[PDB]
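One structure is given below, represented as structure tokens, and several questions about it will come after.
With one protein chain removed, the remaining protein chains of the complex are shown where they sit.
Each chain carries a letter (A, B, C, D, E and F) given by its place in the written order, and its residues are counted from 1.
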Amino acid sequence: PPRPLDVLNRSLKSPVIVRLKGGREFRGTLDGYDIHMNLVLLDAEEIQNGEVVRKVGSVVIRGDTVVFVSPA
Amino acid sequence: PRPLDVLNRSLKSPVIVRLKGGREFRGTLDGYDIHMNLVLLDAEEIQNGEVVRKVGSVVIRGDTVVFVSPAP
Amino acid sequence: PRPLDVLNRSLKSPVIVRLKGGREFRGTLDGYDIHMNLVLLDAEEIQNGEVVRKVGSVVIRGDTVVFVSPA
Amino acid sequence: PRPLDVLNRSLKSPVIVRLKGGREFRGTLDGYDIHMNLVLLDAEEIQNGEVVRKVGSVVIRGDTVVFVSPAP
Amino acid sequence: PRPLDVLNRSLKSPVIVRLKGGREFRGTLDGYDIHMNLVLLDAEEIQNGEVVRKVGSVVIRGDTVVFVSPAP
Amino acid sequence: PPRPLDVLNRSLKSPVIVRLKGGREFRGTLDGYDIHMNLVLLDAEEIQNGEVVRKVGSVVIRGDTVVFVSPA
Partner (left out) sequence: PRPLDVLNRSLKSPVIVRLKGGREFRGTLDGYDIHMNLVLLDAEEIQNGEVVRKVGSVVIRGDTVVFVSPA
């Protein structure tokens, strides 16, 4: 069964859209991840209900709030 | 009989994935693990019943899944 | 008697599965695991006491389950 | 004294099991485990007094359980 | 030192148990375990200054508990 | 890397402020804790919506409800 985590691994260094719980979303470049699916994005923006609320050079996201991750 | 075995015979075949909140995904199943994290290819994100996006790859966190059903 | 054993007794028989939120599934119990994930053949999703979806089969994540009982 | 031991001596006895969302179940306690998943026989599903349905048996997920109490 | 130990100090003495949702249980602490499940005897369920239910004994799932304290 | 739990230890027998899920709060003296952050406070007080609601001699707080702990 292909493993879901290997799909993040294949996405390293590329732009991705990350959907979090609560209508929050992140767009940035994936530079790291772990088992719990905690993520690290470089050059990213935080969207809150279709609206940009902040841009940061780096963010560490708790896997607990991740709904899905897909390469852009 | 085991549930994951069902996901197995659904590999490289169309499925419907309902998530918490009402969000839905229709795509080709490419992978899964024991926690039921999933990977879909050529999928359509569907909110409220309308195609809100079209991604060719998505990793979905198990915690968010309510159910997975093969395509009619 | 243990919970998982009462499930086994329900195989090949119709069951009602309530989920968090309030939705339900009516179908034939074809399988399950320790996590309480389940498989239903010829099932219907039910919201407010009315059918909203018919599926040849479904895998339901144990985590979303509230209860399972024979129909 | 152990909470699960109280459950043990209540086997085959009638009990009320309250779930989250104000839902309750009235039946005979037939089984349970560490996580507090329960098995009730000849149980009445109650919602604000009125009976939703009655079942020969029901498997209830520990997660949705608020409490259990006799009801002689 | 350890939280449960201070809970042991209360065996056979009345306590207050605040549940998730805002409800409370007042009763005699007869037992408990590591999951923090509780056993209360001759207890009352409380909702906004009023006793909404009486039970001769009740087993509460640790999961739904916010805190436990001796009588005020 | 300094460890959160050790900083928490340096606060034993000292007044702390504990924020719980849902705006609830506790102000009391830190007496114990475990790895999951289950806590024990002596001479504490509950606070809801900005107002005191009760005073307890001791209270055990479930870790999963805690948001943060800080010296008063």
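Definition applied: contacts are C-beta pairs under 8 Å (C-beta built on N, C-alpha and C of every residue); 3 or more make two chains touch, one makes a residue touch a chain.
Annotation: of F:7, F:52 or F:53, F:7 touches the absent chain (contact as defined above). Only one of the listed residues, A:39, A:47, A:67 or A:69, touches the absent chain: A:39. Panel shows chain A; residues 20, 22, 24, 26, 31-34, 38-40, 56-62, 64-65 of it touch the chain omitted from the view. Listed here are the chain F residues that touch the chain not shown: 1-8, 21, 37, 63-64, 66-71.
Everything that follows uses one rule, which is that only the chains that are shown with their structure count from here on.
For the pair chain D and chain F, chains touching both partners: E. Rotation angle relating chain A to chain F: 105°, from a CA superposition, given to the nearest 5.
Of all chains, F has its CA centroid at the greatest distance from the CA centroid of chain C. Inter-chain centre distance (chain A to chain C, centres taken as mean C-alpha positions): 33 Å. For the pair chain A and chain B, the distance between C-alpha centroids works out to 18 Å. Chain B and chain F, compared by their mean Cα positions, are separated by 41 Å. Across the assembly, chain D contributes residues 63 that each touch 2 or more other chains. If you draw each protein chain as a dot and join the dots that touch, you get a simple line with two loose ends.
Working note: touching chain pairs come out as A-B, B-C, C-D, D-E, E-F.
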